[PDB]
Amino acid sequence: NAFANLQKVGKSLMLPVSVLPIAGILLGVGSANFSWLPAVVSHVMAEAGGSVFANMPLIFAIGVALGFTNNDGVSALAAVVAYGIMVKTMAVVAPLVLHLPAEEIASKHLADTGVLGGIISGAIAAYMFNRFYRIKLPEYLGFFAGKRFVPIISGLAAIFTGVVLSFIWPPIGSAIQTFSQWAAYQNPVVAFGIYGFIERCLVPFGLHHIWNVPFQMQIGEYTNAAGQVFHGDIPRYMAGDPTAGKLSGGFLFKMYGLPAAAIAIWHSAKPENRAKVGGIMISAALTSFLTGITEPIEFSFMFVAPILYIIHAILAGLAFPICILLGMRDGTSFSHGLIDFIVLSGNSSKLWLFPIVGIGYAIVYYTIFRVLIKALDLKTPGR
């Protein structure tokens, strides 16, 4: 009744994340500002990737809507209408509930529900479709009947849902902002262990993107002589600073660890399901290794095997402190994949340690996965 629903949601979130790898590749290639690509190229590609990642919530809404409606386009249109209505009404009503002057809400992001808003809107659309796509109205009202009725009720519900969330969410956003702001002033290693663990926790319900902004873009600051200012870790690194690369722990589990988890899941299938599982696992591992997108791998075992995801999260959190301790410097554009690992080489210090610690993390991930899956008989993809 609920576990099946969560499994459905995870399964339907796959088509939305099928486009993320290419957007990530485009953004990473463009943001490098290569010395050979004409600027208009690496401008257009960067903007395209940014557009995909900005519409991410809408893609998620459409994917959720089609997941529970047997891939019906009317559900997607209703989802788009509902998402727009919900976002605008939330923005409008939040400053009145919170009595802040309509600007601190956007500056501090207390009304940006992120991808979870897409999920809510898509669920609204799917439920309304499932309930009203065969609605029989009187003949003189026949035009607004059947699937034509769904986009109206989906949006009449969106306005009310946005009104509801404008009161139940700023407490959540305010909390996710304070801690995630307390985490910076916290000692260095503690700060980024917290970052890694909480990001792994948050990615499932689509607001780790909100979590990242403070630590990617705002934690730091640096301006050397004639150079311009840069106020974050992701930018300060690509800005060749001497102390960014505090997010260099992403490579350990996004290029070496989760691929190992994917292969471990692959090698623990049924005597015949191996062939079918292998292709998807290999594709997911390749995507994670290359473009630094881990959602295809995580969503594949997250809901069936929550303990594996908790162990993941602990490992990802552990990755950042060790990389800081050894020094392990290498930066990011949007994620931590091969393309970013290479193009942002720049001032990547101690960059030879990444392959070996990555092999260690692959060993550990594979060991825990193939041990726990066999022991508890978890029905990960293939079982």
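Just so we're on the same page, rigid core means the largest C-alpha set that superposes within 1.5 Å between forms. Residue numbers count along the first chain shown, from 1. First, how it differs from the form deposited in another entry.
- Treated as two rigid bodies moving between the two forms, the chain carries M328 and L378 on a single body.
- Domain rotation between the two forms, with the chain taken as two rigid parts and C-alpha atoms superposed, amounts to 32 degrees for the smaller part.
Given the form deposited in one PDB entry, state the structure of the form deposited in another entry.
Single chain only below; no partners, no other molecules.
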């Protein structure tokens, strides 16, 4: 029965995913504070995009409520009512549990559950909906029967949940903090190898946008000489943090490996279909190379030849270790195409190695794909 629940989990997370790229474009274009775009336009874009990121816990609460109730809007209302009661209950009870002043909890974020408290608030709303959406009350309460009971009981259950989270949360929030320091500073080779492999595994579903947020915007901290504080690999690299640039492995497979795989898919098509397939693969190899958008190459083989995608996910994972071990760094602000590679080159290290390790990634992806497509008779484009 677990597969029918993994469908509901995926469905619940695709609502949050649907607003991440527009928020990232608004916050990116706005916070860049360009000279050619006016001051008020930049601030409105930054505060609009930053609003969608600040609402992420509530967006997750709604996605989980809708994904487990067959998209009923009263569950989304019940999740919004539950989340606000639960966050407020933790602010009252966490000071008592921790033995620290409420201003220390609030200023150090010691009781901040983030998206996890959103997921729990959605799980309350979904459970209360499926058990009570058909409840019959006595006639003196008949105006509040059925679906109208669900927000009320979700709010009452959010009190008890916020009390329990005030006891359970401190060892969880501590473990989340030690993971961030481990991934940024103690073993970035292992951490970013796991990030690249799991990101590839989530791309077929579009779920990688959620996985990218912590590594891009939350892992590690930097303060510059002006006292500005920066979190996550992307802001810390543009801020000039010498220990940023852990995401640089993306240039190897997005500029060299996947473009080379596209030519290996083209060269292995049947002759009658080889000319027609070539234009799809060129178009797709130039999109990956220039802009770092990879799905028109990935989706061309991913479903009909899953073994090529497992090899690609391994080689895309191993790309992040290689850059960290060789000491080759460069930034991204959108994705690892030639545009980000040239634009963000000012803070870079050993930039001349990306061509040299890249021709290795091109030889490896090309020769894997040509050999396996013939040998296994994989039904890639044109066969």
